[PDB]
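To begin, one chain is listed below as structure tokens, in the form solved without this ligand.
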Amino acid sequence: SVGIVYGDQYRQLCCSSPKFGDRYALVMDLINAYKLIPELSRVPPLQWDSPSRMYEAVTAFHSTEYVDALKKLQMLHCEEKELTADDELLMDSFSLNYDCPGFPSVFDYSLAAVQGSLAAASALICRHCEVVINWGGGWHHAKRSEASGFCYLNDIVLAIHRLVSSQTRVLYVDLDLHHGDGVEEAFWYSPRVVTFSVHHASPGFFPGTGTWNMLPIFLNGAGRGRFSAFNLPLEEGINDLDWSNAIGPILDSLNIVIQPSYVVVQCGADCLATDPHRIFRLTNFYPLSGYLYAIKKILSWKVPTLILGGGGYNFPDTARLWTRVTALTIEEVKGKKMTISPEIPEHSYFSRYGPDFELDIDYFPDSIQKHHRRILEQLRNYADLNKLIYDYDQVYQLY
């Protein structure tokens, strides 16, 4: 069974932010318009017995002080009075400002994603679902005491922490345009959570990590976590095929060597050629979309898997992508063919898919070899540090 997190309240909260507007409603209504919902098990967001149990869950990663400030930020934005100088300074100390502003539902909005992704992890742990999807989750930039990149609470870290505390190894795969720095940092010292981000990196591009660290070198973990954080920064302009060839052997080698108990995939849609960032040239095409190639490969491992959203600022094209990811997950997990019309069906948000109303996005389509050698050596070093049994040449042959 394939689970997916939704709910009426969940939907309201996921649609209450100024940056992401109603993207979540488009995604779930397009999934519904394509008649995928009856194939999927609804996973309800987690709710708690008391404020103390809620704090205990969230502060498994975040500091109490940051959680307190985030809740105060919501309360301050629910009254009319301007913030005081002291409250502005408090908020600045947690980077609750600039690109992570307050708004009337900021705490409930942020928490909802945590509630969704923790319930998703639970459904995998008890074996109710083989795969769970949460298109309201994936907020990989939030840090223990710092908002970042419109990420206020890191639902991924909390879900992964629940998975590993259930020996258990989690492989985290971050397909977002941006480096998954918050998840990487949370598990920097943990060999049991191997993180892998593929992303654009270049001078001045957010958040600035996931690349050569200023012959400069790649940091990759520390302590017993040495060699356990993997990164693949890519030049702008990369298409589906090159991105797929870049990531494919890495994914397979990580699975062979790490043998994860769970995979967690962030599927940020900002690599689409039609995303406003206009950096990568990925598509949602399915004859091949780099996203669908990656997800199909990961699912072919038959490891219990969490699929999360993330970036994606062209809301209809993010819906078009994540609808195909959802249909692909059903087909791969259940072995049951999913036929998706190339035309958007009529539904609530039909007009948002103008002017053509097609499921395809509207787009006419040595460095990587050096990163592969680097990553293969790091993986050898990770296996050597952690005394993992594996065939070197089977792994080497993948590349």
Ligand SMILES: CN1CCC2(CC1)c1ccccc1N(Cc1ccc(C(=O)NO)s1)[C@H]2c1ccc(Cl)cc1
Contents of the next structure:
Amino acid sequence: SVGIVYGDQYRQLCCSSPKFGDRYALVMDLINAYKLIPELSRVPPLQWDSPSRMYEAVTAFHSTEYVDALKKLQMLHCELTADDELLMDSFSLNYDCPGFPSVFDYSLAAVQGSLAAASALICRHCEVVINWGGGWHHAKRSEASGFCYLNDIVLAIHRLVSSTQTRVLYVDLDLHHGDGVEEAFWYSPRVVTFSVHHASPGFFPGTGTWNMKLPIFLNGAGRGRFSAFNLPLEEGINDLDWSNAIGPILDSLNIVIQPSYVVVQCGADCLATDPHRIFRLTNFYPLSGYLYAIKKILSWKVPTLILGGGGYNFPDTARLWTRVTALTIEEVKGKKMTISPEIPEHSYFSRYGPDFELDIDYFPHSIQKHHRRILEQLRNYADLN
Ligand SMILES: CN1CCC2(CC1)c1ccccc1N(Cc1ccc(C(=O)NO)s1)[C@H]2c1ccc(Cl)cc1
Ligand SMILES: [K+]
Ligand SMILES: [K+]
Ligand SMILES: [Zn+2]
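Given the form solved without this ligand above, produce the structure of the same protein in the form solved in complex with this ligand.
What follows is the entire complex, opening with the chain shown before.
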């Protein structure tokens, strides 16, 4: 059984941000055009009985002041003083993470979806749950970052590890380092975080690499030491090299940690067609690195959460996440989901030009040391625990 988060309210909220616009609509509608919805259980966003119940849930990670400020920001944008500016600036609610009429409703909705997905996994209603509206891994306890205002991921994991020793393995496939999720669990050995990403001088967010005798690689602290794994890669990596880099690490993490739940952030800014143009991954299937990683994770047969994330080429993002959904249906339910190479006709068909194919329009054409480092860390982590 495979679940997917969507709904009327969820849709408009997820499409109300200025940075991602209608991206969520394209994803859900392409999946729908391919007749996959009949194979998926809808997971309705989580709702609360009172504003106080909502606050306690969101303040499980964020501070009351920050949540307060995010709430006020929406109010002000729905119609600013000098003191307000200093207040907003103190939470980074400016510049990269500005406000808009629905800034709070938009951020909370992601939390609503990811929390519902975790409960769907906890009560065993679904073996895997997808949420293309979540995955905002940059949100910090009291700080917005990289257009991430509330960390739906952290709250979801908290719910998972809180349920009836539970250990959760977090895999971050986004092009950017998943700093927010990593810092939240810096001190906890019960949540092992693994992020593969690009890193270089001046590149956002700057973390997930060496620190500065010689450089050192931080990996948690306290009881959580050796619990934060990072693999930074240089620009230009292809599907093969990427899968080869993360492959053995993924296997070894599942073997050593034996997770009770796996949370996968599947941000789509690694595609060769993303505006960043850093990695050269595709969405191909005869092979895409994304699908190779999801297939390997699903093979573990562990209750898994699949989240969205970055991705500013909206059509190609939907192109990738549609195949992830189909592949998930194949692995979990055992029913092959042969997809049509041709994009099917639907409301957003125009946006998929000029070729209107499911494959992204791209023609493709060191890590060894990191493996030894990461293996040593895994041995240090296994022993420590
Ligand atoms: C503002 N607030 C101050 C406290 C700090 C960041 C946020 C924090 C809050 C909660 C848990 C941990 C941590 N930090 C320790 C680290 C976490 C990941 C690291 C890495 O290097 N990953 O690759 S270091 C601090 C930090 C994080 C990043 C930087 Cl650049 C500087 C300081
Ligand atoms: K990442
Ligand atoms: K950890
Ligand atoms: Zn990203």
